[PDB]
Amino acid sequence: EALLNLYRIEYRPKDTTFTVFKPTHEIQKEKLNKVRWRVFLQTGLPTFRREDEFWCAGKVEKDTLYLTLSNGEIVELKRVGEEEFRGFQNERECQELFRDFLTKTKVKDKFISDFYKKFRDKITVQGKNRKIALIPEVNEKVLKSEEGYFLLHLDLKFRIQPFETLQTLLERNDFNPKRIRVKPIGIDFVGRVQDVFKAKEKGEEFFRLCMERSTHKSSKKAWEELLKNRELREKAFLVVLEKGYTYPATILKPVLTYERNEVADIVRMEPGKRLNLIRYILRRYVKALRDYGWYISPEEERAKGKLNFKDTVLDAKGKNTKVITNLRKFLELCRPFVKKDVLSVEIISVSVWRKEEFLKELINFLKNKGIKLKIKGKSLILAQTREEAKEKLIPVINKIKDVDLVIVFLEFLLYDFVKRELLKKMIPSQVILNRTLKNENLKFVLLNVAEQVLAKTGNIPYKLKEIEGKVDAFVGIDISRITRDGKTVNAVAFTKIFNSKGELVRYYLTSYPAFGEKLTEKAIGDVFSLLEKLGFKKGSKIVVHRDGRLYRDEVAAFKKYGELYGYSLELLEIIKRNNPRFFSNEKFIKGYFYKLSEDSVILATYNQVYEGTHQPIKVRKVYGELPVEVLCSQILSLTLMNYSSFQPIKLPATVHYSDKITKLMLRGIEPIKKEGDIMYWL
């Protein structure tokens, strides 16, 4: 009844003797995780952090003081002796200690090397003028169940990386370095390139210093070479990454995303393939760690069940029908909620009397639905090939005209390019592919298109009848910032305020200047003053969905602005990346769940359509009066507010597209301050 990457993990050590280390100085949050790493390096025995005390697994002979040196340059001293271990207090401690065992027993290294021996041939992809490898990454995190047992969350993903180094690459040809996600060899880290400069620019002691300040071994050895090898040092580059971390171009390998696409889509794997592989990885950990006192359950943790949600939607006349794939029937007969009876549309065709026949049928379908499209201007473009990305650049730049919608007929980076540009100008866009009319049944395309054009223009086809829970507004936020050295430069906030019936009340997109705490606070106070501007009286229930992880600062701002305006707040974090997957043959997984400790739930938000393409989200109730199951049902109901009946959308309307829109506005030159009531991104 639905399996997951979760296995009951347990630790019952033989030699229960542990050496404690406490600093003679203070506590430094960001640095605590770095010290713990270094305590494990100098000692050689697995370590965990119990508040201030650094507990180490075993006996270190003659141990007095530990003089670990951090990245900063700050030296840290710590001493003390023994105490006997009686289980863990956190999942964090379990993970910290478990991980160091995988390292010291080199079992993840034996695996990586044994997976290359049989699979090197399969792992490699070749093209004309370039060669790529699909490097395996095994990420383990220790979670805690509802009941209280620790779960080893174990997955296997494939990191797409070129054979060539970032140095070999920067040497040959000068391609745009910034925003390129890179990763150091023996390091579990990925960051985006900020600054590139020559190693000639720095003298002898820099390399020796940055070597003495290097956290891992491959980096000690990379700085050792630039210092000791002058052939290298001259032609070498040093790369500064996002958070600050400086690494030599010599140990940096680029990380790729996006025929290569075809041969690299075998990486999606069948659910049986990851599951049996994860099952193969587990077995090796148990050989390597049973003697050390570790147990890992061979059996996956099964999901609890299906969470029903209110999927019933209705039109302007009030026709009710449950949404399982949204009837074509319902969308044929439905009367929309008209926001603009008459519309101004621009059209574009990328060609080499079907498009025309279709456009006419569209116009008619919608006319008989109350909305009339009035064509402002047909822009016909003539392709041969790619020369068009240029011949399309020209008409797109001028398309701000006053258009309500833009319909484009194309003959995949094509769809992607066009939508992004019309997203920047904030003009709703419907990109009809010529391949779609050729391949699908014209009525379904007409319907697929109908439902979507209606949503984009505020003339929504339907809205939910009931959402479980008496909540007065659903606000979804993502705040994306631009990092330059240390303190925040540019920032964009995108808020989406919704109804108890799921309809869009207002959105708010603003770019914010450079100030410390006044950023987070203004961004969230602005959100609050907007709710006030929208007539939300004192004591109204407000559910907030955060696209990312709610930073401590944000959680704060909310609670205080919740106190200030007298609102009943519910704060949810919506984590889409690196969650425990669901393995089963059910194919109708929407609503499936596994429940964790601090009211966190691994949830299936959409049904399995394409193979291996199933990413469950992790919903966390950071702050809240309502149960997670209730909040989860509302998330599930709001997925339907994305008006994509023929296609699936993983995210609730409150956060769907929120992270893509903010990161886009950041790449701007001008700041925004816009408010609307149109779902222009769809």
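We call the rigid core the largest set of C-alpha positions that still match within 1.5 Å between the two forms. Residue numbers count along the first chain shown, from 1. What changes on going to the form deposited in another entry:
- For the listed set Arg283, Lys118, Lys360, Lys587, the sole C-alpha moving 2 Å or more between these two forms on a rigid core superposition is that of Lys360.
- The rigid-core alignment places the CA of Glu517 2 Å or more apart between these two forms.
- Once both forms are fitted on their core, the CA shift for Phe150 between these two forms remains under 2 Å.
- The two forms, fitted on the rigid core, differ between these two forms by less than 2 Å at the CA of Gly293.
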Second form
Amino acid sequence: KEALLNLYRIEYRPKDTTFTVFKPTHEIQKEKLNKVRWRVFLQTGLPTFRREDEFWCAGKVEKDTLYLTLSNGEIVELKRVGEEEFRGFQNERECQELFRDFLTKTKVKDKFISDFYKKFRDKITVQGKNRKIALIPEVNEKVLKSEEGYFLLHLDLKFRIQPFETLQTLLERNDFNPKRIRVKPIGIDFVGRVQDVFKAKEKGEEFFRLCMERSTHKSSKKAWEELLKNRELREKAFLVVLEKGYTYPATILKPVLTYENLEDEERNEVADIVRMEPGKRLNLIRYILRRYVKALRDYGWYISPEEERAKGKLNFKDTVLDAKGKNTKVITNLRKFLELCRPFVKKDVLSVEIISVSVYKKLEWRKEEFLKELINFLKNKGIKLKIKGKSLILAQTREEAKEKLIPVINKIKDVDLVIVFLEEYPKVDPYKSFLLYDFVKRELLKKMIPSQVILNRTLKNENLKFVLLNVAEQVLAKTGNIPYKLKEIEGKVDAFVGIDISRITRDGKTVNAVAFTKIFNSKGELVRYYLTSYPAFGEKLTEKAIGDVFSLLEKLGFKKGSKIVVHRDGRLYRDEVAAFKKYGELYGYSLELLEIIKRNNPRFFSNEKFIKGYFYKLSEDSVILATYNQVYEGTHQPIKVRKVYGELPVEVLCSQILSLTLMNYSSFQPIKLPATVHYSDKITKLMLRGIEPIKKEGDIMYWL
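We have the form deposited in one PDB entry; now please give the form deposited in another entry.
One chain, no partners, no other molecules: that is all that follows.
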């Protein structure tokens, strides 16, 4: 019951307290700020943080002006205000900046990735039939503020998986139609998706003069130099444009592959290393830290040698019942519960469409038996599946399958369910990497038809009853037969609203946009969903879409003075909060706004397997919360919940979030996110391509 986090108390108290400060001559546009700051560090050479409009240099600087060209060739000028004495930090952001700069200046992170290779280089490269593979250690630092006000170094170690195959080589010597695949420049931090390719032979003399002069990195600068000088290399060179329109050569660019999109054999070898015993990882994290402490004390940095501790566990209403009234009183077996449990049936007859994908012809038995023993079970709970029809697709690659699956899925109209038995296709072109289950999952969600996709591996590895249960629990939910409801969720909330929005973009403007909102009652039954798309609204999108959710609430007529909680899977911005405040009033509901950041949070290292509810409390009403228990295979990552505004204590809102977890209806498989916003991001994103307008609502969790 002791849980440590990779978070270390840290402060800066040097003997020399004398910075040189610089002020812009023309108020800097916001998204230009981090590029200026960084540019100041290079030039000056000294560590640097942004305080407001002004720039603080950990050294004396006798140049009264600083001219800094950005990539556009745009010159920002800064006048020199004068020396000021650093009494202390105003926020993590300044602290983070200066600290990183100090790592850079001292080269520790560097000396570290070096030593680590010298040591484990061999164990880090891995084979498998045709391709070869590297897993390169990544050290990351962020700075956070605890509840008590201490600054906290967030220190992690990861491994990014990458081949030995520079883009140039792939587009030149190999391919056809690449793109979409995300990338990382040698010698540059940033990693991101591709969004434009053209040959270099297009561009004149100027263009590489200009990239050379500007590129803020040695690798980028050396590379544009090559293509300046070496006369015919521009014909041969192809040029990529990333997510943040950064534009680089090809020889500089390498792909970053996920676990998933590797081979069967690759992944299991790689896996030992990418995912690793918590204690081991934490031993490394401590190792790296000691390097840091030794490189930085002398400059006045003070870093606690010791990890921070879970403040405790939170209890939530985890009690759950069926159409009879059977309880957590049985829940001392989750399995034993679902067998006996008797679901809330609102659709007596189900019509099902069966898709089987396999390599050969007379081997449906494992799938016939399952399907059988499951019609069975569902009938014993008042539900008949009428099979509207089967389709057996024979196919030899994932590619062949995908292809045939298309006209098949295409034609499926009017069903309550699609079941897909997929066989396993072991390999495939390392670029053409679809996931078959994904593909099938995508196509059907597009159609708004609930689906259950069953991997043939599962039938082969796993015990019939285990698999029977897992599936039955979801299949029921999916179809609107909620095999159990919650007794209660803490608080006196009257609605729980999940909010998700994605937007396509051109030049730098919101073009298409898809919104996805799901409203749950106080018990956390789902009341309705709304799947809506918007066309272009400049500054008005936010107001519009937010209001749309409010009116919809009135349309379900939640009475004035009703408490309404909002969850979003992502940073809500200021313009949005002010938006929720407006309609907060105009409709007259007490509102709790929660922002959930799910990626890259500090981990909990701990012996207890049953972590669910463990938490830690940062500044400004935010909470590292763990939602699922530790799997051995998995890499546990908790969620960060943040009370952006409202009358309730976050720990109560976190308790709520823990409850809604169970509404995902997935006992056997951990699910990070509460049912309000679970998969919401995939759905919005999925629909964005959906050439053409969309307005759907429903009352059935079709997306499980």
